[PDB]
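Shown here: the complex without one of its protein chains, the others still in place.
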Amino acid sequence: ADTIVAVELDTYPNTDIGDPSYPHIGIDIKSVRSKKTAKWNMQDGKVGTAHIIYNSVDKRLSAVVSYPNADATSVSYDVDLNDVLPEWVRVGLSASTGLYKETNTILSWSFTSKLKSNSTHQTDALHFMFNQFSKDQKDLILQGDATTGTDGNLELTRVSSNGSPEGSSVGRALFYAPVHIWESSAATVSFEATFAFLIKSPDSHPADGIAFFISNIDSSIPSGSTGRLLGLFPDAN
Amino acid sequence: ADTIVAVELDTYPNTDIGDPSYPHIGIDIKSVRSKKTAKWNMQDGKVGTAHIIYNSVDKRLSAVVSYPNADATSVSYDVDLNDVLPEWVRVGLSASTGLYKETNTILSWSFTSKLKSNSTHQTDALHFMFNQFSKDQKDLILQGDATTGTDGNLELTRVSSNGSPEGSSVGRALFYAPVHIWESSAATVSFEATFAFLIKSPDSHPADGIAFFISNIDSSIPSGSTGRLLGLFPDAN
Amino acid sequence: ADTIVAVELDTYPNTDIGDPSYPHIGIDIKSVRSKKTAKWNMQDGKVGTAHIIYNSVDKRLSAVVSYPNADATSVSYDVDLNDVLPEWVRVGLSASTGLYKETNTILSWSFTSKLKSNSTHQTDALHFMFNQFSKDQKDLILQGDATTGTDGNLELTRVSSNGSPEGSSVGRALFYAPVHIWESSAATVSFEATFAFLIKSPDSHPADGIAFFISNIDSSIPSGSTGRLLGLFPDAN
Partner (left out) sequence: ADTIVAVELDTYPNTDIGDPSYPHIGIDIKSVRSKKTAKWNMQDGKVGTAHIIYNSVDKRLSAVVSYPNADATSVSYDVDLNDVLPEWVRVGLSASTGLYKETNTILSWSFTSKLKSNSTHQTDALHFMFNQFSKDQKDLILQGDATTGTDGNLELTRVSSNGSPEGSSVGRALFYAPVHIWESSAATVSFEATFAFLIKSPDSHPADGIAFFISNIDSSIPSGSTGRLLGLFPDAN
């Protein structure tokens, strides 16, 4: 009854979830255990920047995760998505810190999709950039431990008044308006997500990762979602 | 209680409420009597595209309508527009009748709101444009006799089956997502719309009009806003 | 010497050069024989909009044509496309005839090229879209029988006065400004076009075709590229 499709950014080799023994990534499509994974060297006190994309005539949800002067990590998945999802969708992103804390700060969120096909020569589109995270979005919908208004920062996890992030948050920020990838006439049908994230952790082998999901209109957290359950999979590794 | 700032495509002069000598688009700030105006040449069975532009800086509320081959019709009005509207503001369109028929028949809808200044310099945007209006809109919000679902079209007013419009309708649609023109850290909030309309009526006086509007978020059809009123105003002038 | 990578709206099967059984759009990488193809249903006196999308990441050259009410025609092709083109690359369109008439008649032109990765994360873009083609274009570049100046229209081919097209024309237009898909600091160069066409010909075999192309910057009409050739290719297959 609860569907979703994000791109995993598992920083803790939660190899139990048979996952890669390490900082991988990947395209889970409803089951927490990914379709295609790939290696990714994290970085502390360092800003990250994920990228997604898809095309209707392409069939390939994918991404690549850089760190300036450094390297990054792509990925690609031949998929229809018109399979995975229903005609209307709500897009958000959410992190989870596990047994260990960290800071899943969202720094610069952007989302833009666009439709057309039909030849009717029309194309349509939703898009909004975010850069000045105030305190209350009215337009953003937070869920859990996602507090918002810090400094133009977006925090989807708990963390103190001084500098003390906990290790059990699980939040959920997503765009108030719902998206789409329906329409008859439909031919090609992009969207492109992308965000400057930046995790840190005092400790040496941090848990656990971040995500970016499309999904239900009214998707909600998982009684699961924890750690590896990414805050989006009921659980059932 | 409910505020609004928005431009009206009057198509029936109503010299009883200050609706001068003939068609006039109007810049209303709560009253059906436009602070500033200019005449209008309602073109039946024709394609015409309204406008509005704003400047944070600048600050000049200025719309424009325009039919093909023929000349357009300008008219603006200088205001502060952050002394009337609230912080976060949701929007759509609407329009009424009350004594004949008409097709407050909409063709396609465009919007964009740019918020900058910050000193982070980067622009926070939301923006969309419909070019296909199918059955139920979802991001949409209808609001009465307005209906969504007849031909990649959007009709705010009432109209029979085979094409026989009634004339005791009102019809309002908004945006599912609250919008946002203020940001503390601001110093240049801009927003721009534009939609094509196409009102028929087989009469020769089809009234009364329509209008491009904004407002609050718990803005609903004013129980008697009709003919004039414009499905906005609470009653009176 | 002159390179090019670009999609062709063949409208005359030429089984002599590998122009199979009927109309086929084609993905050419230097030769008039498309590496990948799919059939086509040339629709005279009709409105149809070609496409092309690319992915830095991804990298899949994939266009699409489409007439209304009716179904579209897909077909893509995976390439690296930064092993063939040069750094800085200028573009436009073109198309030919050589044995009957036709209206390689263009309606409107769209483009956009996004270059990101950087680690500055911010996007370097150029993008434009014509919807009005008046007399002389200026940012434009015509290139033969192609003419600029008959009705917010753009015709790459020859055609008489009152409407009597000849059939020994070629007609190429480009962009006045060199473009740019490579950036050292890159890791996701994207670009997207789309234009509406409208070829007539009162015959029933109007050939030969047209095609969406790129290339070098000192790219000019290949002295004999005609019928097929496509005003690109130097001669031969």
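All chains are identified by letter, namely A, B and C, in their written order; residue positions are counted from 1 within each chain.
The rule is simple: a residue touches a chain if its C-beta (ideal position, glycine included) is under 8 Å from a C-beta of that chain, and two chains touch if they have at least 3 such contacts.
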item: Option from C:123, C:168 or C:220 whose C-beta touches the chain left out; value: C:123
item: Contact with the hidden chain (one of B:41, B:74, B:150 or B:237); value: B:74
item: Of B:3, B:66 or B:82, the one touching the omitted chain in the full complex; value: B:66
item: Residues from subunit C at the interface with the omitted partner, ascending; value: 88, 108, 115, 118, 120, 122-132, 134, 138-139, 152, 175-180, 183-185, 217
item: Hidden partner interface residues of subunit B, rising order; value: 47-49, 51, 53, 55, 57-58, 60, 62, 64, 66-68, 72, 74, 76, 116-121, 187-188, 196
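Operating definition for what follows: only the chains that are shown with their structure count from here on.
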item: Subunit A and subunit B, separation of their C-alpha mean positions in angstrom; value: 36
item: Length of the line joining the C-alpha centres of subunit B and subunit C, rounded to whole Å; value: 40
item: Contacts with 2+ other chains: residues of subunit B; value: 122
